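Take a look at the letters that make up each chain.
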Amino acid sequence: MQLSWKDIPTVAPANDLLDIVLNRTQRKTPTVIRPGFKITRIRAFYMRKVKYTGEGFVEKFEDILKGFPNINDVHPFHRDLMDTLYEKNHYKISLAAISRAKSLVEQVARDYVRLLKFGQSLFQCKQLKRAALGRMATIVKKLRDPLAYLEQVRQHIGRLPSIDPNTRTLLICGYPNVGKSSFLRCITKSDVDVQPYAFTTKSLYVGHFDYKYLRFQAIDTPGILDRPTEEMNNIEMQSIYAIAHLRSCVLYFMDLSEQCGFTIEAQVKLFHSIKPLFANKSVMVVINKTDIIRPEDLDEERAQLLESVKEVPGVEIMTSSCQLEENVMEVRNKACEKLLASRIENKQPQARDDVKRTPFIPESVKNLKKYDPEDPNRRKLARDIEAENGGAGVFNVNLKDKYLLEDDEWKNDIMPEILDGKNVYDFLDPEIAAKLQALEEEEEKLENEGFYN
Amino acid sequence: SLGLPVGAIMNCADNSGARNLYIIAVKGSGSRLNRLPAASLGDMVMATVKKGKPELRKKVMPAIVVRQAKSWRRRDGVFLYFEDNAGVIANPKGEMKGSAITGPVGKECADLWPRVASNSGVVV
Amino acid sequence: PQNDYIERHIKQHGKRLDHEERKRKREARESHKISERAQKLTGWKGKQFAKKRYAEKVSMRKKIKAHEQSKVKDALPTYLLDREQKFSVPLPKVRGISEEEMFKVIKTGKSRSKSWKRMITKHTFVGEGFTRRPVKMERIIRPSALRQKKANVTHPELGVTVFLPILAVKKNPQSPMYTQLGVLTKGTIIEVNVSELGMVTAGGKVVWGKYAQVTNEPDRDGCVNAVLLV
Amino acid sequence: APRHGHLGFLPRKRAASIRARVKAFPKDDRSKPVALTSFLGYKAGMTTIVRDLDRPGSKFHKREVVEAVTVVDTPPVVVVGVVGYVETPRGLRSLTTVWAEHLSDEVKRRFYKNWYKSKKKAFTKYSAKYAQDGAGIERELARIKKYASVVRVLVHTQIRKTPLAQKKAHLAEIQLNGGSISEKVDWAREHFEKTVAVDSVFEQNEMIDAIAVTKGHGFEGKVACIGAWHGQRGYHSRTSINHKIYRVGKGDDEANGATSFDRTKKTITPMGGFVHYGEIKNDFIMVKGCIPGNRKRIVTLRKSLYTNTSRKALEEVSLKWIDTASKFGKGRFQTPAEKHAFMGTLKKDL
Amino acid sequence: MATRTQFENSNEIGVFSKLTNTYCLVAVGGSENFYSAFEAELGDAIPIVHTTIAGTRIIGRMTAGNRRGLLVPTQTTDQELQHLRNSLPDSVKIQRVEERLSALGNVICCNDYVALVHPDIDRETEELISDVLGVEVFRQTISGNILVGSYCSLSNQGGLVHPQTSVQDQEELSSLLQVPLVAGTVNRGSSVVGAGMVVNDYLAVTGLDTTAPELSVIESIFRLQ
Amino acid sequence: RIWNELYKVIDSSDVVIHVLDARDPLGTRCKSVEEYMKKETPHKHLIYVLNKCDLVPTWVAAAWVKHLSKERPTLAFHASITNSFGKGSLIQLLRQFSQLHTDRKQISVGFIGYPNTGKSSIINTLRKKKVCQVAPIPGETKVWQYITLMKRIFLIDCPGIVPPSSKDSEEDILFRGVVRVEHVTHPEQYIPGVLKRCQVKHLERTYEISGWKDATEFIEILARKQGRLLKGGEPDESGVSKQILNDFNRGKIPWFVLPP
RNA sequence: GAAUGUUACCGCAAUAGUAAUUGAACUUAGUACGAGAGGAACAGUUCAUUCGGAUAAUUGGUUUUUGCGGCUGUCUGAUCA
RNA sequence: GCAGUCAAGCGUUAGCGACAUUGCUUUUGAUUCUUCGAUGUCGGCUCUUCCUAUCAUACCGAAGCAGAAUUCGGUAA
RNA sequence: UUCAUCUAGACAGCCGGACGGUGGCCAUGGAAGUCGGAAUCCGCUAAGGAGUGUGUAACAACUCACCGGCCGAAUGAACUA
Ligand SMILES: [Mg+2]
Ligand SMILES: [Mg+2]
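Just so you know, the protein sequences line up as chains A, B, C, D, E and F, in that order. Reading the first sequence from the start, the letters are residues 1 to 347, 365 to 470 in the UniProt record's numbering. Reading the second sequence from the start, the letters are residues 14 to 137 in the UniProt record's numbering. Reading the third sequence from the start, the letters are residues 2 to 74, 85 to 96, 117 to 261 in the UniProt record's numbering. Reading the fourth sequence from the start, the letters are residues 8 to 228, 248 to 256, 268 to 387 in the UniProt record's numbering. Reading the fifth sequence from the start, the letters are residues 1 to 225 in the UniProt record's numbering. Reading the sixth sequence from the start, the letters are residues 210 to 469 in the UniProt record's numbering.
You may find that some hints are simply not true.
To be verified - Capping the alpha-carbon separation at 30 Å, the derived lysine-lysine pairs in DSS-like fashion look like this:
(1) A:102 - F:240
(2) A:28 - C:138
(3) C:201 - F:434
(4) A:452 - D:376
(5) D:281 - E:93
(6) B:83 - D:384
(7) A:38 - F:461
(8) A:51 - C:46
(9) C:201 - A:141
(10) C:145 - A:60
(11) C:181 - F:217
(12) B:71 - F:434
(13) C:180 - A:126
(14) F:296 - F:461
(15) C:48 - A:28
(16) A:129 - C:63
(17) C:63 - A:126
(18) F:461 - A:129
(19) C:148 - A:117
(20) A:439 - D:357
(21) F:440 - B:72
(22) C:124 - A:129
(23) B:64 - F:217
(24) D:152 - A:439
(25) C:181 - A:126
Calculated from the structure, these hints are not laboratory results.
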């Protein structure tokens, strides 16, 4: 899988794992066997115990193998990141050694099970089982160092970032201590240390922010020193790999000030030598700490170096600062516009002659005041009544008696709905005398018609 | 009163149309010695498509029962039942595959499955 | 996700007030808890606890001795350095395995009254020329599961064990009819393909086979061990 | 796996008496007035009530629901005596008993067996001791005041007033919830021969428990794997708890059956009458659920031995209509008026 | 006006409620959080009648109506009808339409000026609905969908339909209804847009699953701002 | 052990004689067993025999034997009890093998192959009479048996062999005598696969009126003709599919495959 | 069934056995935690499988009401009952 | 296991020997397609009873345990 | 039982010193003693480890190895029954 494989079961060291397996085998299997028991039963019991131990070991090893991220072919960016973090060759060799140990355990268990079914004396079966257990322990014993290294890398791999390069992304990069970490903290709702040293954000922290109704993620990295492409550290190698593999332009930062005490010529030369990384990214350049420099008041010789930056096609020089973040809005807007342009370039009513209507928003809603939840001076919001009443557990909703009718006495009157005959609703109508005035005449004309005498 | 037992060949109730379905399994069944699962009205069950669309055949999908056909004592004292057993098919979240339904649906199943209620016009 | 920040959060909230005090109190109580557990942890647990305590004590003693020694203060070629390293048999008077159940009897026929069958319950090596005869002739049966072709071999020189094919068996004491049967019967002398070591006798005639005696009991173990008779 | 019942209910021999003896009584709250802990009566039959409930958070909230309910006959009762008990290491022991000497023929018949052949030599002889200026019952009261920290009152059912005509009444003990036993004994003495009202001891929505004897079924005595190498069903005392009282039945007047909603003026008497029972004409209690035993079997009502604060007990009923159709077959009408309306005039009418 | 709102744990807002330009129906079950959530946007302009239909909590789909009146299925009990009559405004009328179909909200969808009905609905019921709502009636289906109300949502402003509707069908529906029509989606592509949410000329309510683009589309089509 | 009869006979048999279906010998040519024999039993000849030649065209069998002859004798054989074909050649081969092992004075031959291919029938026709029970059923024997002939060689009987493999492909497995079709609940799903191997004209020749499409329709028509159709036109596909699979296993419908 | 001079009522208990079980809809929650993905339980209500104690008004089978009306054939000479 | 290695201690006091320790113990998550003569009556239904070397529920504990969720020591029949 | 501490103040308890070249040499964005590793010096004394730990980007911040200010009479370590 991808995206934070932390779900690995954080296997215990070799000694602890072996102790756990042995305890499980002892607990989950019978123990009291006697010489007087039939040879077949004793052999079956010993074979069952050996098979249970072997199956437990095999299941543990298989789960360990499966839980790993399957570095091979997973992704070039992820593969390079894992290689830098954990020295891919060693990790692959450790996994191969674990697989070989599992195969050896399987073979040993099978061989001992095949041999175990022929021992006659109970002592012979006991010795065979002990030899099988010793062989399994010896096989597991040599696995201590690979298991410990895998546990360490898992402890580190679980907390690694989780981003898809194929998605739309914009990154921030530049010299360390340029305020890049502060820019990342301000631009997106992410918390990162802003301490003033050249390795503040050692790890590649991931930031997320939304613009134009779309999510735009970002990453952080301290950048690159002189680094003539022969002597590079793991942290800088990770940044180089990320810049190479990642999607649309990463923002290049430059501290045009006394801080970051490398001559601006060195900063220009860094990006000039890194130019091959700008094959199709349409790189953008943002000057940091502009508040205390005002690049407009810059030496002509230094301005020439900045001018040389503009010479390379598809670049821009935007002003930004950390003390005041007003420029961050424009920076993010321009970055998002460029990202959308790059992602895009890769590719009624009919007035039916009769209908008349007006927007029928009721005058009440038109003139009613806007509601404010945080303001104490607001409507009751009888949800509050329920909360103070004890929530829905005991709040007896009583919207009844609070409805519009002719009189306030009808609110509490209990409608009978039954009068010893079929419900009045079938004939419940105002002015019931319409069905009573003629009843007297009907009775009179039925009595005086000779039908009863 | 529980509905059809395990393996009952119930008819489909969706608009896509299917000959029938086989209830290989039940969810939330009352697992008990000698007491087989019995899917009741409104209960989501995993029933294989015994016959129907060529692609739907030979695969199990969550089937939602919409008719019971058996006498069950609702909290209302009336012992109502239906013509025959029928049930729609939907994903585990109740997303019915079809865009409509065939036949009426009961209130008990509609209440538990808002999507099914929205997907039915003749309710109760 | 979110790499080691947890350290950052600890640094921004700083070791919750009771955490340090509770940790110190637990550490102080560790000795008392260990002493109490020395009486608890009954059968099947006290033994393990005592073994662990003994191992820890031995390690502590060996570390203290190393520190004390430190506080006081076979030539090899330049290419081998920095690299990993009266004719009685070694085991005379071997255990007298008797003619007994080891010749296990297997009941034959539907009515078990004419078994006449004997099965050898000891490891035996035959090789390619086994060619099981018709079932009617199986007077003696050596099970396949109990057949081994490669036996462990070692010598008191460099301590290197290498699995090598078994060549043949020459002399099994105690009724060498077992020798004729090819049974291992620890205490036997067997030939082993020593071509791997490549030792060369005088005259340039490289040797590739020597007779070795089985040291371990293959009957009670799933592996065969032997020592080169050099 | 489970077994054929509960081992705690076995052995299951026949009960020693038809009347279910009370195993325990509610704790005596001294702060409360002198009330009655329990009641006794005979259950008439079953009926169905349709009503709505105020149960917020429930699926059927505000919706009408029909629940099984039963009617228990409980005519007026008169106290016949008082009993005191003293705590001892052997347990509570009866100290002394007192009688009013104004005992109806029902208790005399209960005491005897062949009343018709009996000479009717009732308590008269002992009563002659009480038939004086007193100082005897005063002595008994003093003895029960100095001792007998727990007092149980004795009452007898008005079997003659029961719709099912009978001459022999039941007798049982009932405890009091009043203050110090002084008030208990004073109230008991003042209430000698006084009628007892059922409504005074219970109220609507009150949670109560009951004990009774289940229907007998006669002798009820295959796998040959029961024992290792190394016979009656029914007619036993059973207890049930958490029963909600829906309404107190003032059956000595009309309108009890009809609720404020339906107001279909009529009594709870089912059309034709209860199966194997008479025609209720006195006070009764309406309780939901069911109680062990059958019609005419004596039952006891108790208030669960403890107070409950669960919302289920707090919830109040809103009875809209009570079913009273003829239980003698597939009844279709509640009163003869409905049957006449449906069928109109008949041969018997003219 | 367009504020995210959720049922207990269901995004089908319109199943348990049916908002209208002059009243709103909400199921009596659950808690007052839904009631207060609707009150916040609706204030106290019109009564919010807590009521059930045939004992079910799907009153939003069972019943349907407009500003001039409200219609309920025959399955509705007498008590529910009386409560609706005594709670709804005097202008709104209610009747026990005696027709085979029950789910008015699913089988029928309408606004203050136009109403769509099932092609097989009885003439008497159609005439009663037309008289009650003061709106025209037309026999139509949305891309063959028998349940017009389960997919189609229509108010005085523009309308919304499930995405499966074809371009020609969308244009025909817009022309017949004389309202703007966009084949948007709600609740993360849910096809129950006609019944899983409620909306009117001033207020739009939908489940939290509605993504920001969906909310923007709803606002643009209904022009709440 | 029912299955381990493979190991039992391999260890007991001096020479293993492979039996394969003439329609597709590669199906019965599993390599896993041959690899073990090569690694551990160099003293076994591992001879091959092509059974069921009469069920395929003569040229197809000739091409198959020519292709397989690069590493095996590939003796053509037919499993008729009395009218056997190639019996003389196999008898001569066994006589030559015995002549090679004259110093042994004893020898036995074991049979390896899928169930119901030619094992029991070939043994019986070698004996010239029915000795081992034979029927159109995969399971004809549950335990091994020994048969004498010429007083110098022995025959070893065993059940069919199908080595486990993750590539089992139950769909492909059902197209051979390995599977007892009688116990399959839904044989219908596998009917369409027959058209991939069997010729269209051959079906019409050995199956009633043809011109079918959507092979389920062919099953419907066959059931209608045979009278096994249920009321309303619905066919009893279970019985029809069972009969079709049984006929395919028995070779009633002719079909064959050819090598590159 | 002898208990305890006789009978019947009320009760206490020395003693034997003991039972309930598990899950979920909400509230608190789309909040704490979460850059994102995802996301609780501490309180109160409300439901659910199995099992234990009871039935008997509602519902299925079991029918010796011989109960109702009728159908095939026989009989008191077809039909009376 | 065999043959050593260090050697807490006992040693005829040259030998033993607790715990550790080296060699058997396809380094690229490949696939072994392997599952090798158990000569014996047992096998499976229901219900009960007993143990804990306990799977869930219950109890609390140690974890790169931030939550969800996961690894494990222990109490508990 | 043996070996040392001793009124040239017995063990344990409260306070300070714990230096100067130095931030050793190679590894190098940081190893100022506590991520790598060779020796672990000389100056200096009552005493100081190119460091025992706790913790830091980097020292920094705190403890003892070892000593002294008060105490105030036997104490610490390994074995045997
Ligand atoms: Mg910084
Ligand atoms: Mg066969």
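Discussion item. If you test the structure against every hint from before, which numbers come out violated?
Written reply: Hints 2, 3, 5, 6, 7, 9, 10, 16, 17, 18, 23, 24 are the ones this structure does not satisfy, whereas the remaining hints hold.
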